[PDB]
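6 protein chains.
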Amino acid sequence: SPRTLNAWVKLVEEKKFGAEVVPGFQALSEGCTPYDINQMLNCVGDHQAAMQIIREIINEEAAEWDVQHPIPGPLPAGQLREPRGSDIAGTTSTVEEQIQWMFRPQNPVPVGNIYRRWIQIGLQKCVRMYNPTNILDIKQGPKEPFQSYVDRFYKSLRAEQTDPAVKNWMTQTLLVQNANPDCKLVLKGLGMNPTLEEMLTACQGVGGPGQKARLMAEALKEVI
Amino acid sequence: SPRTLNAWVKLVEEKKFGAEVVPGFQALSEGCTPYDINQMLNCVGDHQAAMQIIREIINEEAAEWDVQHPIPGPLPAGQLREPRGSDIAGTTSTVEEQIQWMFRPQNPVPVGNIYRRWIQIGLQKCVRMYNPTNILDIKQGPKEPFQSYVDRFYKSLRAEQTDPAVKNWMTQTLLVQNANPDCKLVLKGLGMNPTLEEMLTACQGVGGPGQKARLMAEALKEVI
Amino acid sequence: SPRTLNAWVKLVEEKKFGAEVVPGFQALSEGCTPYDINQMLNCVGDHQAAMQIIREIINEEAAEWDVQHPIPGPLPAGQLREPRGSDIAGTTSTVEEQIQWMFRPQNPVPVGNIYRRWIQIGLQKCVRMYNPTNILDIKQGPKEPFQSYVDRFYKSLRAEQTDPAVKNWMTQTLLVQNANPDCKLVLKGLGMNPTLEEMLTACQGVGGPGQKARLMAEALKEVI
Amino acid sequence: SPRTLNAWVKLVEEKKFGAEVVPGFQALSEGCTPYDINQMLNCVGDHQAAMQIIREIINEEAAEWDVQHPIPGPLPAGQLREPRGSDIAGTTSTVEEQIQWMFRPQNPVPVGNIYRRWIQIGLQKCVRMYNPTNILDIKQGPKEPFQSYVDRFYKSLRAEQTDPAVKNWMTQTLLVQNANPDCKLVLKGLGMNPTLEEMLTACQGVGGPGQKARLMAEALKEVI
Amino acid sequence: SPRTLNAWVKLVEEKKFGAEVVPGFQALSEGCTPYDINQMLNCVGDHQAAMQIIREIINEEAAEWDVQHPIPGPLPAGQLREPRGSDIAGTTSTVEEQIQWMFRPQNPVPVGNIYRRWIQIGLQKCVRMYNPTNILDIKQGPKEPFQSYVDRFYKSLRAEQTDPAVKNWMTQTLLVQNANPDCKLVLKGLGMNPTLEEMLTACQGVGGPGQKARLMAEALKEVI
Amino acid sequence: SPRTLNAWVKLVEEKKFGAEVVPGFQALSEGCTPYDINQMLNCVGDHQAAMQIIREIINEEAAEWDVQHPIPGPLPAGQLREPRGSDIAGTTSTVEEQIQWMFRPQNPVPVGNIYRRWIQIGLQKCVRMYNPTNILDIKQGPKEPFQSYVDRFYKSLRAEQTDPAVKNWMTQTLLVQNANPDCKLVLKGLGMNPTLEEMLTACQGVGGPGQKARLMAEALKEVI
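Protein chains in written order, with the entry's author numbering: chain B, 150 to 373; chain C, 150 to 373; chain A, 150 to 373; chain A', 150 to 373; chain C', 150 to 373; chain A'', 150 to 373. A prime marks a further copy of an entry chain.
Okay, chain B solo, but in the shape it has when bound:
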């Protein structure tokens, strides 16, 4: 049902690929044809790193399944083929073929559960590699230009945007919170409720020759 798919969606974004996602997937995918698992994969393919990890893990699972169950001789025409690894993945197998494999009296192959195990291993790998977050990890570098830091912070917040009013406060506070001190001082030197254009045009001298000369001059001033 689409409501279960929405529940898995909110699990995927609300919970950033924690240890609970593997048992959650095993719970949601019970009694699901590989077609339905593909529809589930459609929504979770948004995360590019997780998407490529699950793609490669499914590819290797399918390759080894084909190695274990190859075709040394063509099947007689008019009969359903044995499920290949890609058939388990659901790409080369239609929903009717999968349901026939489920319901065939002669040695049914639970390809749905096999694909569930494949995606379970993929989600395991994703969890083992997935970093905690990125919005709080956006930290300006001492050599990094401030404009690039602002741009990447904006991209990070837009990737998980919350509310137009909330993101204004995000840009108001977290941008200066993660800013390096040389930019931070000119950021705090103006005052309350900064706006993007004026703060950009005011901070666009940090590290430049004028500010280099100013900082060395003042440093010599307390030296002398």
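Heads up, a few of these hints could be off.
Because identical chains share one entry, a pair is satisfied inside a single copy or across any pair of copies.
Unchecked claim - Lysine-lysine pairs mimicking PhoX-like chemistry, simulated, CA-CA at most 20 Å apart:
| no. | residue 1 | residue 2 |
| --- | --- | --- |
| 1 | 274 | 304 |
| 2 | 165 | 333 |
| 3 | 333 | 164 |
| 4 | 164 | 274 |
| 5 | 274 | 165 |
| 6 | 165 | 292 |
| 7 | 361 | 316 |
| 8 | 333 | 361 |
Because the hints were derived from the structure by calculation, they are not lab data.
Guided by the hints, dock chains C, A, A', C' and A'' onto chain B, whose structure is given.
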């Protein structure tokens, strides 16, 4: 088996609806008829908020299932009806009907797994809404009468009572720990091992006109 | 019904084998086959001392029953055997045999009530021997190493764990409350909200040669 | 597949029997014959406490299953026996018997899922009893000889050894970190990069009569 | 057997491709079909450098084998083909073909031992090229930004993570141990138990214009 | 050949179960019947810990082999039985049975190589658990009586005795080298070439009341 039901019971109360309860339910409910899932629901219905959440989620799941599989024509008499949403819930379906649906050669409907998914979504919602605890969150308000705070703390501790000796120490320490300072000073003004009646009759003036006059008088005393 | 079994469970752990457990068992076990009494025993077998007491009492009851009703001659084949003591215990007798003994017109033997009396005597003995509790009785010895005391207190609290937040406060307060004074002084010498690793590494000198020398030196200091 | 077994292996050692292991086992064991569950048990039997817990829990599960489904009459020869509790455990049942029970048209018994529930309860008990760790919990006692503490720390680190270079640093730092102060002072009295033989021969006087006399003498020195 | 595969796994990670791995592989691979050797390769393919080395060595071995034993004429249909280099590798040959080659009376070709020699040469090359380790070799560069050094140290420790408590101590000590002095001084300037966010925001000025001016100013201060 | 057995003997004692012993065993055991492997085991059974480890590992290997290849029906009389796990171990199988299994045209079972893998896993476990040595690790404890330390050092040196003249020097030097300082001072207080009886009768007061009084008296002497 009743021992598995007891294991799920201790999971329910020992673990206050954490992220593990959803995979735990999916694990325990495997190979279980909706009748057995109803018996499991009987013990977990104690938590009123979780009970109503799972009730409403099961109701909406059953309603949408009936929408997907309605009855536009009466079934011929003497044959088992198609499983309705309430039949999946097990309320309108007996255990024999569910086991026949499990074991019928002609297109069995895994209603047990469908009800498992329903209760899984319900437990997901419960976890997403469930607050951490209440015994440590019982905190007296500045305007809240102390007797009402004591009564609600007693109810909170009785809801999860531990040991007659332990709860005596609970009332001895946590009651004054969470007490507001005006009541806290009269609570600490007596001494070791307070008892309920005397502490109640001693604290039953906090905020009253006598204590108002006393506090304003002493405040003026250090003012003057 | 499993709900009555859960009620007896909460009676068993909430009430630490008080005088009420014997009449409670007699009340719950009314109209119950020895099979159901065995299922009840399954949950109450958690308490090891009570488990062994009821095991030995049931063994001696069954032995004396076999003495009173032995088999000096084999029964003709195809007929239900007379209920042995183990048959009353339900280990060697199936539920169908017990229900046949209940419902046989020719001199039914109420083996269910006999096993109820057996477990009643066992619970009587358990109550007569059972100590009040253990969590408050965990008291450090003057010679006992503090690490062993902490370990056994942790085991005692884990045996009847209440809440992750509550047990933090348990370790915060009761550990120093039951600590012997030489360890207690170094425990209180740091301050608010101790954590396990630092308190362990700070208290891991009590009774050691350094603290022996320190205490004798200071004692001589007030002596001199 | 052996790769799934390796994934469960890394789950078992990397995650020290957390709350996730129960849903993880339920996920991996789906669609697995009790033979495969026995092969999984082969790798997880390394943990002795967990091994004995799962052994006893499986034994009691099998005993109660045999009580529920005993054999009051021998089966006719040439036919597959009904699955006993040990048959569910897979010890007395071959893989062909289990797959026949899975695929028999006449009332198949999902013994695989029953054994999964058994091992799930066992893992639940293991998690409920399993202590956090041991490498950081190796703490010298005030009376414990330093050589025994070193030996047990070496055994603890060897049980979960990481890297030959890392364990050198482990012995360099954690040994003195968890050492009691009387041994700690002689440990720190030499300097940088200690080696095992010299530190052992230098610390092999702590608590001895010479160090007793030295400490009491110095204590009297600041007393006088 | 999967237990031997697990033994080889623990050999692979516990022993970082030492001189013992070649004889160990020769010992484990005795009496093993190339199919089993492929399953062994599945677990050891985790090490990317070793994986590519063994891939290229197997490819060149197979190419030279095909050169020595080419096919200048198609085999008659219905008969098993002569084992190619890829057939020895097991990719293009099924387990039944390999076992037939093992058991064929007419000049059996020990392709299993040939593939064992191939992987033996690959492991030899891996050992000859494999660096000792990386966790202790993570050393900050004088120009390297501290955040990148922290990130790569975190990746290195996560690649061989040991315990959640142990890695906290790893980040606490080894990060400052391998830190360059300019970052090291601000790292040590705060005190005990640093946490990641505050240490990152405090060290995010090292090498920046403010710290440049500060260091040159103080240097001139002792110069003057 | 017995000379190869002697070579493996000198490998076993000269090399204290290093990483080389596993490939060495795999090298020596090639082309060896389980009978010959049993004769090899006869000499290596001297090491009690290694002996019990290999015994238990062989027992579990044989048990799992019997699980994989059980006997659900008696073999016709006059024919060689299929090799059981104990038959692979060689205890229940004679040399003629093993050589027939080697040389039987119909599906020979390489039981020799299987037992080689079993003992290889056992030697792996032994190496992973085996401590470096014991003769240099014999270190007196601060509370350990000196006579017991001498006795255990004598047992350790006798377990690996070298030469009558060498062991005299061992007792002359290493006994005082590993001795705790309180015993060490009386050991060095006599002079050159001590003999066992006089050193024993001279050191048999360390820790006793006379030496306690002497050490405290002298300590007070430098205190006063």
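Structure-based check of each hint:
no. : hint        : result
1   : 274 <-> 304 : between (26 Å within a copy, 14 Å between copies)
2   : 165 <-> 333 : neither (31 Å within a copy, 33 Å between copies)
3   : 333 <-> 164 : neither (33 Å within a copy, 33 Å between copies)
4   : 164 <-> 274 : both (16 Å within a copy, 14 Å between copies)
5   : 274 <-> 165 : both (14 Å within a copy, 17 Å between copies)
6   : 165 <-> 292 : neither (30 Å within a copy, 33 Å between copies)
7   : 361 <-> 316 : neither (33 Å within a copy, 34 Å between copies)
8   : 333 <-> 361 : both (15 Å within a copy, 15 Å between copies)
Hint compliance for this structure: hints 2, 3, 6 and 7 are not met, and every other hint is.
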